[PDB]
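S.K.: So the chains spell out like this:
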Amino acid sequence: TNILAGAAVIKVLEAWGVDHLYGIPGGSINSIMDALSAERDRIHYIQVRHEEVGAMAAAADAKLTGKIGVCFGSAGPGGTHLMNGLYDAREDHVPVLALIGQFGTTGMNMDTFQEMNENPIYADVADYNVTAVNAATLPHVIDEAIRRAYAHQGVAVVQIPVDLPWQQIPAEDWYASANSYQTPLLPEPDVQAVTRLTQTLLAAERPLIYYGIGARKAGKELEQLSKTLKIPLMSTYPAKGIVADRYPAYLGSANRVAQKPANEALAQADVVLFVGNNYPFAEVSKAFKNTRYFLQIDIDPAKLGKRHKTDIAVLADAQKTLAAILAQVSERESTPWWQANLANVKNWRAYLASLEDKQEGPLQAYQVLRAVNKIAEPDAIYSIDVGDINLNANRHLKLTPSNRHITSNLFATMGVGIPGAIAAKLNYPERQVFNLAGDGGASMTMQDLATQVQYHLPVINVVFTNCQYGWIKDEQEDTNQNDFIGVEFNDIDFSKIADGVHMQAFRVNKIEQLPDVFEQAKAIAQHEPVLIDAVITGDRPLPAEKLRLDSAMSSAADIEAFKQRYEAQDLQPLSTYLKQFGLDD
Amino acid sequence: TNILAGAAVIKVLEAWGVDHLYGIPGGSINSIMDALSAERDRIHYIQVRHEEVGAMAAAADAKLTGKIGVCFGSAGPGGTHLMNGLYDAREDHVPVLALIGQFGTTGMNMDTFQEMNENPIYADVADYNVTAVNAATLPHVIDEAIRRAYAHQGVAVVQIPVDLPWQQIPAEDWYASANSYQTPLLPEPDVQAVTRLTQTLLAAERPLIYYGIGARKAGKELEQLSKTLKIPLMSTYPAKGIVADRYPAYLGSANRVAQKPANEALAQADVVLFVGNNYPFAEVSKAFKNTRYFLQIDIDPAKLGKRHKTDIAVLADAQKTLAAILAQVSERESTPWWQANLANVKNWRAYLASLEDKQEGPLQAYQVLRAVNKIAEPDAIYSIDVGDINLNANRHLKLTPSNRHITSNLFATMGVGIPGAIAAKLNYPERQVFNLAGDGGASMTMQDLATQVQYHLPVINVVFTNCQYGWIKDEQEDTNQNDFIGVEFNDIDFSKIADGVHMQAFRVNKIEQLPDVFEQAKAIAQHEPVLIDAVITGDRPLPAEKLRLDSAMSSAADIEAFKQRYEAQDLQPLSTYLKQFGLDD
Amino acid sequence: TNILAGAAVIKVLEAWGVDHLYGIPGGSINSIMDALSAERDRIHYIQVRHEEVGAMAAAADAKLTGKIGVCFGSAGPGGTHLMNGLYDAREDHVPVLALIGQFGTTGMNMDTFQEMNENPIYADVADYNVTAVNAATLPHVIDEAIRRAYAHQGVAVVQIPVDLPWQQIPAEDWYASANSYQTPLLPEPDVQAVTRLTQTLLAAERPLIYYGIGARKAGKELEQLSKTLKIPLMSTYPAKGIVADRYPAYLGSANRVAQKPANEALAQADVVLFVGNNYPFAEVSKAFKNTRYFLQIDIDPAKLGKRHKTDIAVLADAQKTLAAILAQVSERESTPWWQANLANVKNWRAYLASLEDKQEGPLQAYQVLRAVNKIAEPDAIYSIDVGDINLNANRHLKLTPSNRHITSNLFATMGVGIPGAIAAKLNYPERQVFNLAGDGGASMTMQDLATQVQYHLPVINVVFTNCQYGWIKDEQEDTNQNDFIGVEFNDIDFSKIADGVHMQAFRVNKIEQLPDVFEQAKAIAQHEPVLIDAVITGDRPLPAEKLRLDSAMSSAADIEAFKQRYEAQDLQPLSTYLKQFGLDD
Ligand SMILES: Cc1cc2nc3c(=O)[nH]c(=O)nc-3n(C[C@H](O)[C@H](O)[C@H](O)COP(=O)(O)OP(=O)(O)OC[C@H]3O[C@@H](n4cnc5c(N)ncnc54)[C@H](O)[C@@H]3O)c2cc1C
Ligand SMILES: Cc1cc2nc3c(=O)[nH]c(=O)nc-3n(C[C@H](O)[C@H](O)[C@H](O)COP(=O)(O)OP(=O)(O)OC[C@H]3O[C@@H](n4cnc5c(N)ncnc54)[C@H](O)[C@@H]3O)c2cc1C
Ligand SMILES: Cc1cc2nc3c(=O)[nH]c(=O)nc-3n(C[C@H](O)[C@H](O)[C@H](O)COP(=O)(O)OP(=O)(O)OC[C@H]3O[C@@H](n4cnc5c(N)ncnc54)[C@H](O)[C@@H]3O)c2cc1C
Ligand SMILES: Cc1ncc(C[n+]2c([C@@](C)(O)C(=O)O)sc(CCOP(=O)(O)OP(=O)(O)O)c2C)c(N)n1
Ligand SMILES: Cc1ncc(C[n+]2c([C@@](C)(O)C(=O)O)sc(CCOP(=O)(O)OP(=O)(O)O)c2C)c(N)n1
Ligand SMILES: Cc1ncc(C[n+]2c([C@@](C)(O)C(=O)O)sc(CCOP(=O)(O)OP(=O)(O)O)c2C)c(N)n1
Ligand SMILES: [Mg+2]
Ligand SMILES: [Mg+2]
Ligand SMILES: [Mg+2]
Ligand code: NA
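Protein chains in written order, with the authors' numbering: chain B, 9 to 593; chain A, 9 to 593; chain A', 9 to 593. A prime marks a further copy of an entry chain.
Source of the hints: derived by calculation from the structure; they are not laboratory data. Just so you know, nobody snuck in bad clues.
No more than 25 Å apart at the CA atoms, straight line, and that leaves these computed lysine-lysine pairs for DSS-like:
no., chain 1, residue 1, chain 2, residue 2
1, A, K328, B, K328
2, A', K518, A', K366
3, A', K504, A, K504
4, B, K317, A, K19
5, A', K406, A', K518
6, A', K311, A', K294
7, A, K317, B, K19
8, B, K75, A, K317
9, A', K571, A', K366
10, A, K19, B, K297
11, A, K75, B, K317
12, A, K19, B, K294
13, A', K314, A', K328
14, B, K19, A, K297
15, A, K294, B, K19
16, A', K225, A', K314
Based on the sequences and whatever the hints tell you, model everything.
M.R.: Here is the structure:
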């Protein structure tokens, strides 16, 4: 006959298949809390220790599963705490619903306690941003919010006056539209455009295929096209793992979270096939200034010819289009361009392996990641924070299509390691989950290590303790006239932090310590979370964007200094391999 | 070697195929003006007399052609005057680019003359909203604005500090992505879903097909499905004309800008096929409260199950899906439901004809519209203002797929009549164009009758002068307890207004005056604009949402009063026709 | 026992002393209309023909009387039409309450007709910006809005769902805080600071007192300080009339809406007393680049040292501080600086008189303004539009403390002439009221000439018809490389426009026609509005910011061209007068 409006709201969430949601209660959201409390069997409330972690974990849920993440915050400070997670969801274009507490409608606009007009707070971040003002339409407003968040791939925010969810509404009127939800059936890729794009790619002397995460369903086709046509592959950083890292012609990514071969090869390429890619450094880094023909495949019209003047842009699904290309091409014999890139990749991997394979001495980030590799299951998920770890994990993690890795790709909020791992373990209780975080990032969300303990989420946390914002210190080295500032700080012993939240932990500062500590951690994480605090050196990782290796481009003194600093004595510039196989710059 | 950034910006507009744009100059936008001035042979600046008319005409350009409309306003009050046209573009989801003047970067944030932070002004209306801060990237920002406005079917606003377009930039770096433009992919109907939909539709006892402008490409399929299956058709008001008005099973539209047979049939229907339709009155009017099964076809996932819980929902193009249904059905015999509706339509149309066919006496809106019909070419375009005219034009205009009509569908801003006709005549100089406007709406944008004169745009302007806001008077009649207020006002003689802007004009107040005046207007408008000021009675048009004709539902006295007031003695309720064919109400 | 919330809201407006308010009704605001209708004996609704005129008139009410202006617009386009008047109120810092219609709370967030989240629309313009959600608190929210608009000298906006004002609330709980209202405290000048200020001012070789409207209560003190100390006076344009224009050491205003002696003297001054002044051109025009000492008196701490570094700054009321200075000084002898400026003023005024005193020939703006002077009562009020008219009225109107004049000072929105005069005549039915407007600005709000007729408001409207946006043509002349664009347009005959709204009118195009036409207008306006359409030449008024008269600074040829164009053969540069009295430039 009647149902509480709050109970109907929870039933809307359940209809859309929301498994878990995050937040911290307050008087202004206690009626939504009351409805969740009656529904503990069907929907799992996760009490976090800071609301930003709830918002970042909701974004991560959607990154991992493609299903909407849900978080909430009480009126005022609860909701404003969500912001770093909500901006992450907006910039990484994933569906998130955020519920915001509000004072009851009888007290709104009275300038009462923690009471303000909350609608303008969320106007910028949100695709949909409304204050509910009626109980009977509240389930519809929640359903609308969800449907829009999915359709528009972003954040829907609903401010809820706390009186509304306690009002009775007719039991028979409300519904959810989850039952209507589907994905579109697309026509086949434009045949004549695909044929023309293929001819241009094949006519090139120095082709590259450069994909981003829009190509996530197309790993098989990418690797087969590469092998068949003898065309090296490079990707955006987040697209690492779509093609296995072990693939001999995967060059890595460009710019700074980057690998030497991709940077060098891109500078030489005459034709680039840019697929499912919205690389934000295209223009500012002049990435394609030497490219003769630029070909694109993207599913979004707003991206067509966005990043560079484009000769042919096909509006289509990446996988369907790459399959259609593969269907019209056949074997090409090895070329000097292919052989030069393969040799360059081999030389680069030997460099990385030399860093990883040190067996004793002062601990560096490189041996830490090798120790991760050694205990990693083939389908492990990595939640990665923001800083040098993106660069180091990008180079050292050995990923395949069976893995997932997530970070804050574009907003790049520090603190995401812990919440992304919480979300990963909640969605995939049977998969191994790592949190790889620098000390600056880990410290911003450290309190929510307690959330892993409280919910028995067996995350393997690895904190990279350099006592620096290393990423920023290296930037200051490059740009700043005056001394380093704000980038070197006091130690925090995260093994003691972990102990304080009742999580087993280790602290290591020597390479020879790694094998046994990581073996213990692997075993602990069969049942409980664990943390390893790795005390690492302040060595700057090799800057792929500032290579000094080529005699024709850099002075002998600069090359000598670069080789010394970066332990890079055995690295050769691409030009050495180009010359070897009969090509010039 | 170099080009002025302003010249490059105009070249971007040209590459995107912008033929004409609107605005009023100011110091804060004179560098864009300077670039326009050099380009006057390739792109055509239309100087309006109020910037809202420029924004409304830009919206109407896009409604009519699907090509982005372009407008501008100077810093401060120029831009703020755009708002009603920009909101019209957002709510009617058509692409519009708005350029806003701003003080030079050397004077921004100094609190100088007409200088303010302009970005927050446009944040709500705009899909994309940026202040340009660099000359070299300015062409890209404009390119970005256009590509987004198209992809997202909405408003892009760029605030341009006046110094930037007078700066030299490299001639060879800037580009437009117009060459890469594509319209969004059209998703295909799932065959099994279409089969299930077809079976539910065929099993219905009282089916209706209820379409909106999303079905504008599917008029043939809608009419053929209706004839073949013996299923009546109804539409949203804006979808009038997709199927010819003369089609005998076209019921009209529901709610208030509505036709009696559509409201009556919808209340009785057991199954609705809701296609390309976002009827905003669905929930508030409880349109579908007694509908057993609800079948939806829409291209936009945000719409699926939005207006009612769906039994079958198809995420696909309207014409593809309707063709798929038509392909799997064959001729059905007549049914009681079908005959009942056909008879109801005949009775209704005879009513409207009786109004139109009066030959002498006090002029009413009905005969004015008959006089429009009599001079209207088969492919005439109608720009319609907001008020009683929407209801009257909806009932009386005899439209076919060959016509176009536009109004402000959802924001419903008064004043659009004049600008929409300006845009119509610019886009279709060889087609007859009407502006049909009430006196309230015509008053709001009356100065831009001067723009039709200045640009020699032969619009036939027809003003319905009731000396009222009739639409609002009728609402106050229905809801207010106290006397009418603000709805009856002083006469404006629009023939004298027209004389003042140097436009030929006539004023009529008797039915017998119409044939000769309209013939003269038809002739004048072969070369120049003309205005007819029609002084009409204050008769209220029949409220299709408040019918008093059925003695099972209304008192004898209310029926009698309704018949007398609305000259509706010969109208019968649908129940009469339902009973004739053996169906109960 | 109970009262309708809408009735209580109107009672709040009455308690606050609101005599009249403006707007246009709509369904979304009909419950406020219903309450107004019952209260028509105590509060007076003015129905305008476009809501921007209602907002601009509300702003002008507050400019004229200091009492909050009140306007409203229906949901969506009604409210958005308010924007230019609301921005005018914000930038001119006057209290205005705007009520915005909204759909009932049962239909909000359902995406129904003309229904949207309206709160973000007003967030930028408004000091206070809330959507009401409860009937019982609605009177308080309106009370809060008014008290804030006053205290903060800005715009308060309340969006009101239409259901709320038709709800019953307890008769005894609501109140207005009008009874508790007070204006902000007037801070007192520090005696030692005033002494230091006085000594710096007296030690100056070339002193100026430069005041704005913050000194509107201190005209007597300004004129007496000037006479006693032999210090010339200059003002912002809006501060014209605070000291009678006939005062022989009044230099006028600087920059462009400016008088030659003010620009010349300011460039030479060593000490400026800057009082009640927020001149927005100070930094951008480098007004004070050669000023040795800068002395400031202002009531607002946000202004102190804003426009230039301060040597002495006094946070105090202008009149109290000026009286304190005057109290500690005595008569000073004449100085070379004083005589030089007095002679410069005489030469300038003889120039303006030579323009005014033409008796026959092609009509220019100058003689029109002389004709206004000749029929103007000593306490006439001038509502001035935006464009050349600001410059011309600034030079030619002969104002005293008995006059008022208003325009849009800082937002500078065109169209204010008509509404400002409507507001003037409502507030001062016994005072003569002029609307002085260019053709561009008069065009924008021309429909509301009907409002002067409807309410029998005997405004003397004077339109300056140059068939140009003259102000902008002159800017393009100064800055643009290519031909003029968008600044010359087609004639509108405003006497025919006037005839169309049933207002008596005249059109003149010769100097000799003025005396009789203006005498007739003076007489007509004893009882009814009247319009004079003055067809004027396209002569550019003398640019006080681009003087070419001094042979030490300009070529002989530029001087000759300047004299001929501006009929300025008898003008001398200030250096002539400086040299006469033994001072060098
Ligand atoms: C500290 C830090 C530093 C970083 N620096 C770098 C760096 O140096 N190098 C680097 O590479 N990255 C770097 N990034 C990541 C970077 O900011 C961008 O997020 C990333 O490069 C963009 O990757 P993308 O194009 O794969 O993803 P997105 O930006 O999400 O783009 C996806 C694209 O694919 C399209 N798409 C989606 N689905 C389909 C489909 N089915 N078919 C076709 N197209 C589809 C979309 O329309 C879009 O254009 C860094 C991140 C961090 C945290
Ligand atoms: C004064 C006034 C009063 C009004 N009152 C009424 C009234 O009483 N009755 C009335 O009917 N209207 C009325 N309106 C118009 C009304 O507000 C709505 O705008 C209208 O009913 C919605 O029409 P629609 O669904 O055709 O258009 P839209 O709202 O534009 O929706 C079109 C739909 O089609 C979908 N679509 C687009 N392309 C495709 C495709 N290729 N295939 C499938 N789907 C597609 C879109 O996703 C969208 O859902 C009034 C207007 C005015 C000015
Ligand atoms: C088309 C056009 C062009 C214009 N160009 C010019 C131009 O060339 N030249 C020009 O002069 N103007 C021009 N303006 C007007 C200009 O934009 C500014 O509005 C004006 O110069 C500022 O005047 P003001 O300082 O008197 O007023 P405001 O900006 O309102 O400032 C008043 C000051 O007085 C202070 N105050 C208030 N009360 C007191 C008190 N009791 N005691 C002490 N201080 C107090 C306030 O805090 C404030 O600082 C133009 C206007 C238009 C429409
Ligand atoms: C919340 C927050 N605060 C600051 C930053 C800036 N910021 C970064 C970037 C990528 O945005 C950047 O500026 O280049 S990276 C970074 C340092 C990360 O320090 P960590 O100790 O976590 O990582 P290491 O680099 O391994 O030392 C900071 C502070 C950020 N990204 N997020
Ligand atoms: C710019 C503006 N201002 C006010 C309105 C409100 N409004 C209308 C609706 C549909 O929005 C409504 O409220 O129902 S309809 C309307 C009256 C239009 O009066 P007209 O004289 O033009 O038409 P008639 O109804 O033929 O008299 C007004 C003022 C509006 N739509 N746009
Ligand atoms: C609503 C609106 N639109 C445009 C403008 C720009 N604008 C002006 C300024 C002061 O803002 C300026 O840019 O310098 S002045 C101006 C011209 C006014 O032309 P008129 O015909 O009314 O006056 P004359 O100068 O006498 O011809 C315009 C269009 C403006 N102020 N307000
Ligand atoms: Mg660190
Ligand atoms: Mg009317
Ligand atoms: Mg003019
Ligand atoms: Na107007």
